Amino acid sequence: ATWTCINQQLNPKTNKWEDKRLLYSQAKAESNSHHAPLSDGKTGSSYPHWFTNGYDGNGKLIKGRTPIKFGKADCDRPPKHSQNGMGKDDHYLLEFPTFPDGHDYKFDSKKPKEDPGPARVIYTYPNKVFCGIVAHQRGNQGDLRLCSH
């Protein structure tokens, strides 16, 4: 499967924010999540960690936010995330950087951590079910949108 993300990137010349299209292999993205450790932000980079998707630890909407629909049960299931995402019955979503070249993000990188880019592979804790690839609408921050495929 091929996923397409649209990311706005600043042009240093025109100084205007321009659209950038980015293609990612799903296999590589899943591979990225398999090789990433299964902890919630306890690496030097802080990745991977909890992707709330608009919810709080008790699986209740946050009000004002609209969760992304991944189209899969385990994924769209409201989260159960404890103080450090290690609850024995915890279940939630993780986000980890993913790129077009598909290389594994150096999760232990720090000061400075490797650039995480705009895209993230989203998957479940603790069975790493693939949910999708999202990407910040503009820059490497702000609103995260579901990409196409």
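Shifts are known only where both forms have a C-alpha. C-alpha atoms forming the largest set that superposes within 1.5 Å between two forms make up the rigid core. Positions refer to the first chain, counted from 1. What changes on going to the form deposited in another entry:
- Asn15 shows a C-alpha shift of 2 Å or greater between the two forms [criterion: core-superposed Cα displacement of 2 Å].
- Against the superposed rigid core, the only consecutive-residue run (3 or more long) showing CA movement of at least 2 Å between the two forms spans 10-18.
Next up, the form deposited in another entry, please; the one we just looked at was the form deposited in one PDB entry.
What comes next is one chain alone, with no partners or other molecules.
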């Protein structure tokens, strides 16, 4: 499919704060999460890595929080995250950068860190069940939000 993500970017090809409308191919996003390692950010970029989605390692939900209205089960099922993330029983949401040109992220180069952009593909652990494509509202930082489609 294809997800529409809205984001405010300071179009360096201008400088000003512009309201871009990015379109992502669900197919390509999934491809991304597959070519991506199945670990909890112990890579140079730090991706992919756990997306708490408002939760804690227990499955209990953090104060003043509200999970992403994902839809499909699993994705909305309180996670279970244990330290290395590699809990022989754990199950949680991972996040990885995804881009409109749906190229695979250089997950291992810190210094210099390939800019991860505003969007990420969220998929289950350890089955990589695509959940959705969320993105920051302003720039490539801040609070994540589930885009439309």
